[PDB]
Amino acid sequence: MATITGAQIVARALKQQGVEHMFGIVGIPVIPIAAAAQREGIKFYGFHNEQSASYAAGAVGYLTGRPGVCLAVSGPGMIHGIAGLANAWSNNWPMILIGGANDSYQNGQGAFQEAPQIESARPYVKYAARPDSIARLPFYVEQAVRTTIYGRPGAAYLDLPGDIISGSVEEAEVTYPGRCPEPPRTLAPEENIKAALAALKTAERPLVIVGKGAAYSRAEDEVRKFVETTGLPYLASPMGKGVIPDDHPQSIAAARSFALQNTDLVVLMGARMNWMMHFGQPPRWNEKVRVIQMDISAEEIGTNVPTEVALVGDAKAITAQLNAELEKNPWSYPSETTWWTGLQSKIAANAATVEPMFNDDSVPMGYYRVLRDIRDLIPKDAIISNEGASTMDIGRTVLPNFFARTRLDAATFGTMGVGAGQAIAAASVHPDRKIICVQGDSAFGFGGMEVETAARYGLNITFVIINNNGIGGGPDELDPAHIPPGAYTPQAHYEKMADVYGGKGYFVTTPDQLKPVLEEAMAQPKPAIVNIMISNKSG
Amino acid sequence: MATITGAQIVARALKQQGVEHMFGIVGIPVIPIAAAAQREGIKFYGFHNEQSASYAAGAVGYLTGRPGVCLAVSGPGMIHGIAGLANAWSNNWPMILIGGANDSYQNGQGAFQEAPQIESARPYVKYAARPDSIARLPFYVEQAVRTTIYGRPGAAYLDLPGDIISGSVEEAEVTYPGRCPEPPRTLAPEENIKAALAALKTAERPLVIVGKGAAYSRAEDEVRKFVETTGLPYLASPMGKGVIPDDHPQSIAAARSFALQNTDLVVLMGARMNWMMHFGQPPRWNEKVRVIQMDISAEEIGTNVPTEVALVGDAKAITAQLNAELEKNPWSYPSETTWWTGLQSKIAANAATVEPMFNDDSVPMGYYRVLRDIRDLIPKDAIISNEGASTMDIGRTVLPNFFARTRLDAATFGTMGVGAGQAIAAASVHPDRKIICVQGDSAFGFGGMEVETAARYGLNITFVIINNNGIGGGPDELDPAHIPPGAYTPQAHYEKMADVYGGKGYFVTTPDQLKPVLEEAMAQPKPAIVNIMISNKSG
Amino acid sequence: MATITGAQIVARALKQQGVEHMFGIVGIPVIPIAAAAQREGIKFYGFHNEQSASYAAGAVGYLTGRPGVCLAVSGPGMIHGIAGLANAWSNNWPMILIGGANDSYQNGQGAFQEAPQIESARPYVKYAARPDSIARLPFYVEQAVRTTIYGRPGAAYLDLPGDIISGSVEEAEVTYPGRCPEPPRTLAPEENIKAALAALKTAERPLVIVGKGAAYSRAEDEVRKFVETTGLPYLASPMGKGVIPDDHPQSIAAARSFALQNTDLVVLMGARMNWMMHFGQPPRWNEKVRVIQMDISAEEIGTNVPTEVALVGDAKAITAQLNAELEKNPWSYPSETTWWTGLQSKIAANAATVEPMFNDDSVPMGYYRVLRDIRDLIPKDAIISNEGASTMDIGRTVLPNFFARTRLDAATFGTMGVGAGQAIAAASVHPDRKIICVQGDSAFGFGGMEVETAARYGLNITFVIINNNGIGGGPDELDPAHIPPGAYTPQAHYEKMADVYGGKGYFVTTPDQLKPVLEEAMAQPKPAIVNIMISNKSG
Ligand SMILES: Nc1ncnc2c1ncn2[C@@H]1O[C@H](COP(=O)(O)OP(=O)(O)O)[C@@H](O)[C@H]1O
Ligand SMILES: Nc1ncnc2c1ncn2[C@@H]1O[C@H](COP(=O)(O)OP(=O)(O)O)[C@@H](O)[C@H]1O
Ligand SMILES: Nc1ncnc2c1ncn2[C@@H]1O[C@H](COP(=O)(O)OP(=O)(O)O)[C@@H](O)[C@H]1O
Ligand SMILES: Cc1ncc(C[n+]2csc(CCOP(=O)(O)OP(=O)(O)O)c2C)c(N)n1
Ligand SMILES: Cc1ncc(C[n+]2csc(CCOP(=O)(O)OP(=O)(O)O)c2C)c(N)n1
Ligand SMILES: Cc1ncc(C[n+]2csc(CCOP(=O)(O)OP(=O)(O)O)c2C)c(N)n1
Ligand SMILES: [Cl-]
Ligand SMILES: [Cl-]
Ligand SMILES: [Cl-]
Ligand SMILES: [Cl-]
Ligand SMILES: [Mg+2]
Ligand SMILES: [Mg+2]
Ligand SMILES: [Mg+2]
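Chains as they are written, first to last, in the deposited numbering: chain B, 1 to 539; chain A, 1 to 539; chain C, 1 to 539.
No wet-lab data here; the hints were simulated from the structure.
Any given hint might turn out to be false.
Identical copies carry no separate label here, and so any pair may be met within one copy or between two of them.
[Unchecked claim] Simulated crosslink set (SDA-like; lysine to any residue; CA at most 25 Å straight-line):
| # | residue 1 | residue 2 |
| --- | --- | --- |
| 1 | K316 | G302 |
| 2 | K288 | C180 |
| 3 | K496 | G46 |
| 4 | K288 | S332 |
| 5 | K126 | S90 |
| 6 | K201 | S335 |
| 7 | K225 | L187 |
| 8 | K526 | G448 |
| 9 | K316 | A195 |
| 10 | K225 | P245 |
| 11 | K316 | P183 |
| 12 | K15 | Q109 |
| 13 | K288 | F112 |
| 14 | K201 | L260 |
| 15 | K496 | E520 |
| 16 | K515 | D264 |
Excised from the complex, chain B in its bound form:
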């Protein structure tokens, strides 16, 4: 009778549960898993460090609604992968770390790479399991996948001893669960839907905030209809950008600080009152601000600031409830108020502030001058990976998104080291699209070796480094006796790393080079690296 190994069972089960992308580094005892994954049609990418690979797995979860898988060897391989668990935990992204473990009959002997891996994953996962036996592996795979995507999404860890992977059972002894179905999109009570709309009608300065929860829910159509029907001003969080196109006339992103400080009623659509929103507290918010909060996690309701109307459930379903109730009882915010006037004035004052910076041609160059030529060459449906400090914060302001889930950045954990991994994930999920990775020089160095990974798999990524010689800048000449802790080699020629795989690297210092270099670099058949020097005083 026919037999099958644990590795093959895991690969077949993962494929059945909708897993399509796997990132990691092979080695004892997970070599057969990557091989069986390739034969099952799962796309496997061999990275240079599991850290970057584990970040890629979480980004796949955000982009597709099914967990990406990070495959790691026992011990230090799994521990490197904890970075991606924690990032997925922080952003509530579906993600599975699969870590090898030493053979179970060697526990307690000081086996090769013996480590407490379950306990190391526990703080950051919704689910951690070591399968008891080979025949029950599909049980744990299905339960892990379902746990990552049902409820508030998050991370799972599977601990596979080497003898579970390499052992075999009779195929007739293995039961496979059906593919985990899409999670149920739960709805708010009818009274909360009505109380939320009634509350909006009493507000003098209302504001909608569209966060990456709305983007993960795939709610862009419902959100856009809700914002347009109500005529409400809206603000997109960094990764909420593009749920509504960033050029929409009701966006007040250029008046963000004014809007947050003066709004009296905010509608949080899949966004938390966490550090990114200044906890919804003074001085950045008004002391008496009223909150309508839409979130799949009931425990998030009322964090930091009380919530007047709680809308617990799926953002797509709940926003459809609001649009349906607005169909029965139409209402819109007026086009001319003192609120719109003040918002429109601040937007105009901001345009006056940034225009001299956008057209500043002095050398060394500023952020705005460089991001202007980058922005004007990105395809409209390209996916942008944007990572750094000022590179990423100004990048958020200058680089628009016109579709949902097309910006990947440092997100809630503020992580450096996600840039190349998230770009590789985006390229894997969207093979037909252009991927633009825009990183600060420090951010680039966290996962720089993965440019070769992008070349090896033929990924349509272009790497742009905005280089000010360090973390928020570094001197033009290093004094060997006093190297600042956050400085790097002045004018480090990172673009030379393209020569590792036969790609093209460009070194840019003057504004006249920007457009012809960025154009020729984006048309390259291999990933190009564009290294753009900027002033260490720019900001």
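Position chains A and C with the ligands against the provided structure of chain B, taking the given hints into account.
Coordinates of chains A and C with the ligands only, in the frame set by chain B:
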């Protein structure tokens, strides 16, 4: 009156406790800690990834007997550094990870990089503390330091909320403990000393195993005297190499398998019966092997295999006891026995096997041909960082050490990613010496960016890459449809990364290039990278 | 061929490793373990609550130097037993908690009493393991036992899934390790021994502190010799009482506060500078006290106060080193010093203060009057379980111990709930001796049901209750509208609980009852309960 910040208190206490080397990446909230560490005379190295920096910290502990410090930001910074905690835990090396945390008065709010950092470090540390107040910081620093180096050495984690770092107290409020003394060197009972020597006199095929615990104990003088007085055959573990010079006539390294399989009594001097020694069990050991075990950890005694004589205490002190008892009652193993004859015959047969490989000039080249020329140009007091699979395992055989603590490799955890970090740690500890980094191509990619860190600090490191196109080898041409999980870009020109910082990169394919290229590379004032292609069949 | 279950294997291995006492409560799946333990000759005691049972296991470890075993069912049974693990952790006593677990093939299903038991035990154990297979069970038992008694003693947890317990293997597949030997008694370097005695000679006001680590080391004969040879004053910690007989002329126990405040050099013999010693800090100690510290734990050296001479190793062996060096170089503290004269003055005042209270016959009675008659009737070799607040702290003062390891109290963790369990442990280890349990009324209530356990097994235990109607005293009359949080029913007749098992209960309120009742109760063939009312203003 005069005041002082938490960051300055921590830097001063660390310096008082004998900390000399700090590796990490700055950012909120640890920016002032690196600044104050430099003002106290602590050498701070800004890395490209905290993963590599945390590995450097553990290597410093091994090399110096005082913990190296890894400095990481809150959240993902600290989580990246968990790699170093686990490596230090695996090797019992003294090491401190200092992790920033969010301001304490923002706990529970979703603060920037809020994370359960103590619980993340817990599985791998002997000590984890969040200092309760600024004034007590020196209490925690001394307790952390003392705990890493007393008893079985291990890792510590210090959790520093931003307001503990940035807040101030009056200088007269702070008490600084004295410098933590050297740990007391404990002795074995005198009857155990006599029983051990008595047991040795009954053995027909005795063997000494010199492990890195003897190296860490700084026991080289007593261990060499003990082996020479007794005339016993000895086997050095990978990082035990050099405790006795590797050209010593009593080394049976080239007959290792024969020695372990047939010995009837082994003396473990700071070495574990773990996976490296195949658990001391059949078939690689004899079923009835008798064990004299010398370890500072009483709990380690009798793991896997029963121990006949337990010598619990410090290796230097216990070996001095053995030498003093041999001085009162002399004894030595006879220089002509059938045991010696078999060992000598196996060593000679091994020399006949490897001589053709050492002199094989065929292209693409093999490991032995390449390592032969590396070996002959390495200074005798150089420090070797050797990392990979066959690159490291063959490197252990071919590259000799003549002094203790001059080899750093993947060690007990089998970690890829330590190579450059441990090389940088070695250069920091021994600035007067040449550091040779010999890695496989895959190993090099785990932290290849750190070659720029080596250049930025002017470290005397030469990076040698032994490149077979992947993990255990990769094909000469990649099939875009079928990319092997462990392959990299064929003939990837990693030496081009030397151009990032203005160094010299060399690409070697034939034996005639080896000697002049390695000679010119080692004499470079900046770190050179030598990329050496070998066959993917070799190993 | 002959087969054997996992339960029978575990019972056989525990017996081979020196385990002689098992306490717990049976149920799925540990029922076969208790039965097999009885057939092996292990004494099994069925308690009424795993909490009390787990406290008995730790006490067995302290008394015998081999771990007592607590046997608990899966889930809440094991969780109840964590109390004992934490107490053993706090006191560094060897103990094993053996917890059942649900069948491994039901993991993830919501099985009966499925719970994360290893992670629940982790913070308090030196060792936690789920055996991977039935045939390797003896490996884990020996490793667990060895880990509890080697090094600094502590607790271990064995997680046993029901299918490991109930399954069977062929006896020829099971290898049993040899009995774990007594750990080696490690020595301090000879220069530290000389340094300690040399520092002793420079002291103006030297003091010896004898802790329960010296008692656990079985070092009483060496400690008594050292103290008598040097003529030094000594203080016995609560459970260090009896190491030297409490009526020894050199005891300064009655001048404890004066001695700690004025000593300029203390010899700590198995005793910590923890909360019990007020951290060795002012105002209770002198700011400049010098410390000679003798402890098996290197990490304990130098906690809170610097240590001038560290003596790391076994108390018995190291004290014998001190006595041997005092034989080569005799020294003794002079008579007629102001130190001894000041101490004897303080001792005489204390004796004069308490003698009125010893003879005060007023009703309600006081602590000293009651404990005077208890003291005058306890056999010299009896074992005293003394628990509560004032009942225990004054009991420490009034009830002397003449042999080592004859006082069990709340110890380092200050735990209520240990009294009856530790009395049952003591009766199990020393069946030939009288056990006296002297508890406060609140302390008695924690484990009161276990008086039936003592009667069921014919244990020679007398239960004395000192009753002041609550935690540190409650009112004479309870108003139902305002019941104090720490008060109990006034004059609660706990002695009526002897009638549950057909024993004798006594209720005592006047001094003329004390002697007749106590004499009658101690001669009972079943455990008697003496409920002694005392004033709530006493103490
Ligand atoms: N399907 C869904 N429907 C509604 N809310 C969701 C859904 N999935 C996740 N969320 C919530 O969206 C929120 C996203 O918040 P956050 O990550 O802070 O967004 P941003 O960073 O864009 O402000 C999380 O609190 C999460 O619980
Ligand atoms: N000062 C010391 N004296 C004696 N033994 C020590 C000392 N420090 C550490 N050790 C022990 O040395 C052992 C080294 O074992 P291991 O790392 O397996 O060596 P190797 O890998 O070289 O065989 C550890 O068990 C550790 O407890
Ligand atoms: N065999 C031994 N020899 C010496 N010290 C020991 C031994 N076993 C345990 N100890 C130590 O004895 C100390 C007991 O301290 P503690 O419990 O505070 O005593 P006490 O409460 O009586 O003051 C612990 O620090 C422990 O490490
Ligand atoms: C894992 C991790 N380590 C460190 C940090 C701290 N940090 C925040 S931004 C940054 C780099 C900023 O420099 P760069 O990417 O060059 O951007 P710039 O601001 O100079 O444009 C670092 C190290 C972090 N957020 N995450
Ligand atoms: C953190 C970590 N990830 C993965 C592995 C698995 N592993 C062991 S050796 C190795 C690299 C082997 O390739 P290379 O360095 O080129 O050496 P070669 O054997 O080809 O000479 C890898 C990835 C590991 N040990 N540690
Ligand atoms: C597990 C636990 N719960 C609670 C306490 C708090 N506590 C300390 S002493 C004590 C009892 C005091 O009353 P009693 O035993 O009657 O003694 P008395 O002082 O009245 O003589 C209690 C509950 C504790 N130490 N441990
Ligand atoms: Cl979260
Ligand atoms: Cl040197
Ligand atoms: Cl403790
Ligand atoms: Cl005391
Ligand atoms: Mg920068
Ligand atoms: Mg290779
Ligand atoms: Mg009471």
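Okay, the hints, checked on the actual structure:
no.: 1; hint: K316 x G302; result: both (21 Å within a copy, 23 Å between copies)
no.: 2; hint: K288 x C180; result: between (44 Å within a copy, 17 Å between copies)
no.: 3; hint: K496 x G46; result: both (22 Å within a copy, 22 Å between copies)
no.: 4; hint: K288 x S332; result: within (23 Å within a copy, 52 Å between copies)
no.: 5; hint: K126 x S90; result: both (12 Å within a copy, 16 Å between copies)
no.: 6; hint: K201 x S335; result: within (14 Å within a copy, 51 Å between copies)
no.: 7; hint: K225 x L187; result: both (18 Å within a copy, 23 Å between copies)
no.: 8; hint: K526 x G448; result: both (16 Å within a copy, 21 Å between copies)
no.: 9; hint: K316 x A195; result: both (18 Å within a copy, 20 Å between copies)
no.: 10; hint: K225 x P245; result: within (12 Å within a copy, 48 Å between copies)
no.: 11; hint: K316 x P183; result: both (12 Å within a copy, 21 Å between copies)
no.: 12; hint: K15 x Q109; result: between (35 Å within a copy, 22 Å between copies)
no.: 13; hint: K288 x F112; result: between (59 Å within a copy, 24 Å between copies)
no.: 14; hint: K201 x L260; result: within (19 Å within a copy, 53 Å between copies)
no.: 15; hint: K496 x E520; result: both (16 Å within a copy, 22 Å between copies)
no.: 16; hint: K515 x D264; result: neither (44 Å within a copy, 68 Å between copies)
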